[PDB]
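Novice: Given chain A's structure and the hints, the job is docking chains B, C and D onto it.
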Amino acid sequence: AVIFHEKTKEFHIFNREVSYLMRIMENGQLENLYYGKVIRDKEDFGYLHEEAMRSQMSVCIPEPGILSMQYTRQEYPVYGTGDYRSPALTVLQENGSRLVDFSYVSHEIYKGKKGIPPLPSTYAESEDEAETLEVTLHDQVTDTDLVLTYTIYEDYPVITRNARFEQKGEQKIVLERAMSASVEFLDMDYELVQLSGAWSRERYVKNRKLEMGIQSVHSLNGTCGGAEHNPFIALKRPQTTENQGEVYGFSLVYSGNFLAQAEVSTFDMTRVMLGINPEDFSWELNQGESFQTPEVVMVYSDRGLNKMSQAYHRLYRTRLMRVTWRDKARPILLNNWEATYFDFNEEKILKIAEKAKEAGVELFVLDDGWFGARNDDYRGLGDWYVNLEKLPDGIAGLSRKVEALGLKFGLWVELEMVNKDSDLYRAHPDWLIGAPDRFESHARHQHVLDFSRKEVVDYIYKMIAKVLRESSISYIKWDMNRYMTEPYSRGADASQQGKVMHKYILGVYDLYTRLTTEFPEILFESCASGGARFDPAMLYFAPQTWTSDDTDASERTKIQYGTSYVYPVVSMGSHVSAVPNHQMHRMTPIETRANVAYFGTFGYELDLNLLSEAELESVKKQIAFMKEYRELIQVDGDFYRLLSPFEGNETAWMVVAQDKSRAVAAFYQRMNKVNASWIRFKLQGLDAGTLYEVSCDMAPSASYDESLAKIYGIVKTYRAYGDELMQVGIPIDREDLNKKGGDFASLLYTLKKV
Amino acid sequence: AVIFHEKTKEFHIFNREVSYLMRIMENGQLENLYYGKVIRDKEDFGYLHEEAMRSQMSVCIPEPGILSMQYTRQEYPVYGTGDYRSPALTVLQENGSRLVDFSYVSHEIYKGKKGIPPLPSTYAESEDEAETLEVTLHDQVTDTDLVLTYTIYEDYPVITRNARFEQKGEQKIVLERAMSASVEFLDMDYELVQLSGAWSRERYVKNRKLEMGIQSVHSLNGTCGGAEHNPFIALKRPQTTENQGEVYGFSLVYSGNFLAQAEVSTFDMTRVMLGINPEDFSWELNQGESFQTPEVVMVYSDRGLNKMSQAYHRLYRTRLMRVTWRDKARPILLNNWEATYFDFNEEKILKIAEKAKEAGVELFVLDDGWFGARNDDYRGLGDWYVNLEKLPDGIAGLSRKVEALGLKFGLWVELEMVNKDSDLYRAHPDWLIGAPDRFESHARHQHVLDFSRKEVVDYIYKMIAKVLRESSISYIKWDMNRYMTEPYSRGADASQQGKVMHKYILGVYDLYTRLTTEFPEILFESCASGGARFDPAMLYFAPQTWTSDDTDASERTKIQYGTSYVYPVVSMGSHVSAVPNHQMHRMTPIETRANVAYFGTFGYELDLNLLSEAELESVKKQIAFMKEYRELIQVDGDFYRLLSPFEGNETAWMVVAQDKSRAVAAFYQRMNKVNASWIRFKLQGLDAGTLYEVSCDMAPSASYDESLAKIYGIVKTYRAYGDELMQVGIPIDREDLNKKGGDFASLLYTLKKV
Amino acid sequence: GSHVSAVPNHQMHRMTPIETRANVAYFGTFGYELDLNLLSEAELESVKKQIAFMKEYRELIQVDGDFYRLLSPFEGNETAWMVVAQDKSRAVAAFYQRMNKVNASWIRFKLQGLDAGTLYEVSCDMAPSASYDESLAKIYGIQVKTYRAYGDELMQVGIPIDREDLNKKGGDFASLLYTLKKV
Amino acid sequence: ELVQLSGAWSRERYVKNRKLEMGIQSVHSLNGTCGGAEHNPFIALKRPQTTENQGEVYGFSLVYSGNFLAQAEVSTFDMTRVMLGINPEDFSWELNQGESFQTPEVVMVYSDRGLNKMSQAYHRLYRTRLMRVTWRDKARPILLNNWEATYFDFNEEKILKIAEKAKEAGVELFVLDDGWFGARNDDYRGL
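In order, the protein sequences belong to chains A, B, C and D.
If you read the first sequence in this note's numbering, its first letter stands for residue 4, the second for the next number, and so on.
If you read the second sequence in this note's numbering, its first letter stands for residue 4, the second for the next number, and so on.
If you read the third sequence in this note's numbering, its first letter stands for residue 474, the second for the next number, and so on.
If you read the fourth sequence in this note's numbering, its first letter stands for residue 30, the second for the next number, and so on.
Just chain A, same shape as in the assembly:
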């Protein structure tokens, strides 16, 4: 709902769960009054705004009145007129001044949502789902206008904001900074929650306590958001638990350079902003030209972090992904990277795909080594045609044979980069990104292809569109392992640099749109070396991504616990792999790897013919279990986090159906403890007054000397109510998880209605 209160000049936006208030000042500005849980509205709310007479305070209205921007909560601030806090807008004019002033003109209210066509966003399937308010402000000196757009979703506590700039005069202006949102609070008793990491260790949860000054996260990686920081921010009280408290969450729909900032002043006032990085941003606007900023999604919860995470999960599963895969279950596949990184051939492949049919696999994906002359990591990239010295029948023959075996087919592609020895560099090397007379840095023997121009991307498409047309492909994986250096473009005027780092992202979005439009029957897999581009803007284009290049049950729980704060379980991609690890070289039980891999998308990175017959029968049961339970696990259910691996030695989570009639729970341990305490296990989301039955499997696997447990002197179905399973819990015996391997151990429990 949206109401105006024309006699008082206010705005109240609310649904069954949240409220947002604002009003128009006497100098034509919009200023915040309240943002939080829902309240009833009345005609006048004027007492919530108060004025004082401080010292060193400069007023922006004529002499009789008193009003300052340093002591007020305003939406979309600006610098240079009495507010000495970090601004959100910066416009440069022809006389050399940076001074702007936008005043209220008109407003408009309607039902539904728009598309912000250049960029992705969330959509609405009906006219009764969302409501939208647009406010127009005008700058008379430079003759420009600014539109602020707010959208409210019903059935969720979800608010989205964006801003658009229009230029109408004969003058030209320059934008040097343009944030998307700004939210202000009257106190500082909060804590900032963020997700930070690096390669092979991504998205670890970190907490900081707010203090006067500035705290921020940023990304200057150019070609992606980076594995260092993730564009997500949370503000929570210091006494907020997974199932009680009060928390605000802000997410940005963008996959480029970003800045997220929280500034606390010396009068206990907090300001939070999110947007594009102004490091190398300079957008020139001429007569009849427009600019649109990314979208910011904010969610408020008053019952812990689980509720906020569930709001994100449902919203991103239902109102962001395409309707083709909204209510579908992902297949089970097998990759050859770990088994065969580079040295392979059709024959060595027709024996791996042959063995992975009795187990139950349904997709086979090839990897690097099938194009130009790529035998090593220094040659052949950019030549997207079939190598005939490894696949004599070509890709068409191999795909035909694989489909004849009863499987499906998939390929690997990296349509953004080039090597020096390829034909693309010899034909015309002026399509690279760089500057004249400057050295050209090299990451992995490869350089970026300048998508800021339309001619290059076009060529790219054709060279690959054919590969899809001749053969019968059903799955593609797009890898990208390089950052952007020296952002200069050959095809641009001296007043066109500064747009390249945004035009590149726009071009990659255009390429995705073309490929998805032509082939709406192909599942896409995004990959930035394993989790450097997990931004939702990609989830809008590719339904699932590769979470991380770790594949260690010990380290993947740590990564997935952090990832699940904002991103749904379906998005995360997981695989089971060999035991002598390559990244950590640690060895784990085969049942632990399977247990960790269940909560996501199942898959294998193994050589199924090298395993022993006493484990090629565990792979057959794992696949059966996964294809029995994937319907509950992926598309229909709620995710609860129960124990934190960041504080303690154990991890535990569970997933529950929407009607509370079926659930599965998992409990993992890190290090073996000797002569320790009794351990319980309490569950969270169930129904008191129901009579679930609990089932577990305690099969003692290999690596158990029952002949030594004798010297030291050392039925699974029970039926209980939701009450007992919540307050009391499930007793865990430390002797049981010693037969499961001891060091890294896991347990799954399955609950049933009656």
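Source of the hints: derived by calculation from the structure; they are not laboratory data.
Treat the hints with care, as some may be off.
Unchecked claim - Cross-link-like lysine to any residue pairs, in silico, SDA-like; alpha carbons within 25 angstroms at most: (1) D:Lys-48 - A:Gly-651; (2) C:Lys-611 - B:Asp-371; (3) A:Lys-358 - A:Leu-613; (4) B:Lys-676 - D:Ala-37; (5) B:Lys-331 - B:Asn-584; (6) B:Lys-676 - D:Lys-45; (7) D:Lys-45 - B:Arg-673.
Stated by the list, open to error - Going by beta-carbon spacing under 7 angstroms, a handful of chain A positions derived as facing chain C: (8) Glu-34; (9) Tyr-37; (10) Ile-42; (11) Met-56.
Beta carbons are placed, not taken as given, at the ideal position from N, Cα and C, and that holds for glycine.
Specialist: Frame of chain A; chains B, C and D shown alone:
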């Protein structure tokens, strides 16, 4: 000492306390290797630079080598070549690109210190007292050169850093960000200390813990550094107290917009930068033009915060203040601001000064109201003649009469601001600092002038030297009560509009230089609304500063505790005010007011003829004590902080002579406790083995009631050793400070060698 | 059991406004350990007005009503509590300060124990004390509260506190008392 | 976390919180004639993240006005035991044939919505089920005391001028506080 080690291309700078190591890498850049406590020197140190291969890492040298700027410690970095942290330099060129590469060319070593003429800086008397190193770097694409200057102070653990840019080509460049120093550390187990506050509460000490991301403090006030944050940053270990631990301190010699930033990466690498705020800064350089940045002074201590603060005190007293007031004791003065507001004649001024001559006062100061039509706060500012209605005798006659009475004379000026009702605005309104077709904000009914324009500085210099030449003045107080807003200059071009704030600061420096040079016998008092511009820069021209405008017996025990971290005691001003305060309206004993006002520059703001005879004796005793002990307190003496008011209820400091032969200590209490514990007072700076005698004065206050004490049944001197006073302490009786007033009580102790 | 004593109290030797002493003595058994032949004429009239309040509200304060603690004096500078009736139709709230703050932030006094959906009327009397310098405020430029609200808007959004009304109540140990009626 | 009330004369019952660790944490009384102003016979165990409005807490109180001991022991297997009772410092009770001994009562209250709910439960129980029926739900009168008005120095004519004055104000009860009995002019004789 500076040594080269040509065979290995290194640089070792050391003295008896600290060491700094650096070297030239294989791409012509400077790399930091070690900074800290002194170590002996060998020929080779190259094994301290470690490099390893990682993923997503781009090298900047030819293919066979491995060198990434993300995982190396470098001085004065830059963005766009393989580094994804915050840069320290941004240059914009005519082709539109921002890409620079500076390579080492030559170096020079000499003895002494230069002057960096446009800005104030520390000097070295004679030579053999300091040593200087200059490194020259050149870029071939733009033909611009950079000079980095390092200076080591012998006898102190002090290192100073600065930089300079020179343009040698036929083109023009635009500097958009320029920092003075950049230091890197290999870990992040540190704590950040800062001084933050507001009006009437300045420089409160605040500690923060380092976390991945950015922690920064800035200032955007334009005309000053402001009361919100101070240009000083310290890094300390978490277990560091006043007398043990390790700490690094950084201070910036500049009185304008500043930025101090600490950036922690995901690999546990910390980077600290200080410099000018790049918010609205853009400097254009043509052929034969140079740019000079402010200076950074950095200090290391390994024995607690007291040693660091003492290093600052000694350096800023002996090498920054002018030689005229370097070894003198400040006079005792009487002010009249709080005695009368805007309401005085030639006659009331004589009576208030006649009485304060038998007490022992030696200087009299006249405040705002003597010039123009300054009958209220609305008008009269800008024209600087004598209001003949109020003073028919004039400033000259008043000064002669005061000198006849046996005192000296002082005046109050504000040479930066104007009123609309003054003659200066009616004559010509084009000298205000503002933009066309924009509303002009007003702070206290006043506006700022464009010091940037010299025609204005020339007009202001006259009409003021006339007053200082006609009469016999000996004291001037300069007050500033308006910040800079809408920074536009009518006397400029479309370019060079981003140089207004720096030029304004340079212009005020020039005016100070003129006034000081042409009147070398006048003491200047700098008061930017009561502690908004306090910094070494202002100390280069005005030897003392008005600390705050609160004048509370308490409150000032928390503003001076925080202030004493970096600035010497002789700088801070301290006066006595009326018993019912004008700011907090609380009542304090006079003895506490005197005992707080001692540790600064003693003064009075009372009306001495409205006090009682029991009070005119106390004032005489106070004056005698101060003029007996001011030589020890101000000129020669070390300041020790004993007990903190930010953690606890009591405050305590003391000052000791330089040969451990005399000392005075104080103890302050905030709240009164009933039925509490025994309290001991441990001193910290003395000489073990000496036999001081300790003396105190204990005379009950007039408010103490004795007939009530007998119902509830409820000068000193003794000899002790230094160690007994340092490990055991002085036992304070909790009924002793119940006779001092009870609520806000204080005690003084004097120690003697015999 | 709580009483009201003479201003320079015999235990701590501290001066406190009489209305703060009355406000702290209301939550308990009201009493007077005082002598009324020593009080001034402008202060004897202020004592008769406290007895009427206590005789009017003691039934709600003592025999029927829940006690909620809102702010903690062991964690900050201010104290705050309140008493609510059993059917949620009347309430009394009290706010106390320890030290005066200069140039400080805003205050939002958040209540508890009421019910959303009920329209309450809030009243307070911010009468100045006898130790107020008006001209001092004049030269600084800084020179019948009944209003209606809802139950949820009082617990989720606070009552705005104006720090200038805490400076004319004594300033150092100032206190405020609010009355809520279901009408 | 353990919550207790500790203080002294003129400063009683300040709230103090401790974090449990393997060992013993206790509070006792040894004054003999009373529980003393130092510690009060009340103990709370609360979760570390418990506010006045959310979280779970257990409160134990002991109905006894003499020596007491309240103890909480944590073993090396993360097991916590809480005990309350009489202090065994000088306690030694001899029982013969046909003799019995009785211990004081312990009241325990559990809440899961902060501390206000537990405190309210205690207030209601102590008001309705502990105090005598005659003064259970009445309003206490307004009294005037003269200890800090006269101390030991007063007479009959001194107090009848106080009582007359405190009748116009609205007081309804007067209390003498000391010195009334013979030989009472200081704190040395007459008791």
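Novice: All hints, please: hold or fail.
Specialist: Tested hints:
| no. | hint | in the structure |
| --- | --- | --- |
| 1 | D:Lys-48 - A:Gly-651 | 18 angstroms, holds |
| 2 | C:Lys-611 - B:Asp-371 | 18 angstroms, holds |
| 3 | A:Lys-358 - A:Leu-613 | 10 angstroms, holds |
| 4 | B:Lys-676 - D:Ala-37 | 12 angstroms, holds |
| 5 | B:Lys-331 - B:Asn-584 | 32 angstroms, violated |
| 6 | B:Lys-676 - D:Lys-45 | 18 angstroms, holds |
| 7 | D:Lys-45 - B:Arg-673 | 23 angstroms, holds |
| 8 | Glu-34 | 14 angstroms, violated |
| 9 | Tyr-37 | 6 angstroms, holds |
| 10 | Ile-42 | 5 angstroms, holds |
| 11 | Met-56 | 5 angstroms, holds |
Consistency note: the structure conflicts with the earlier hints numbered 5, 8.
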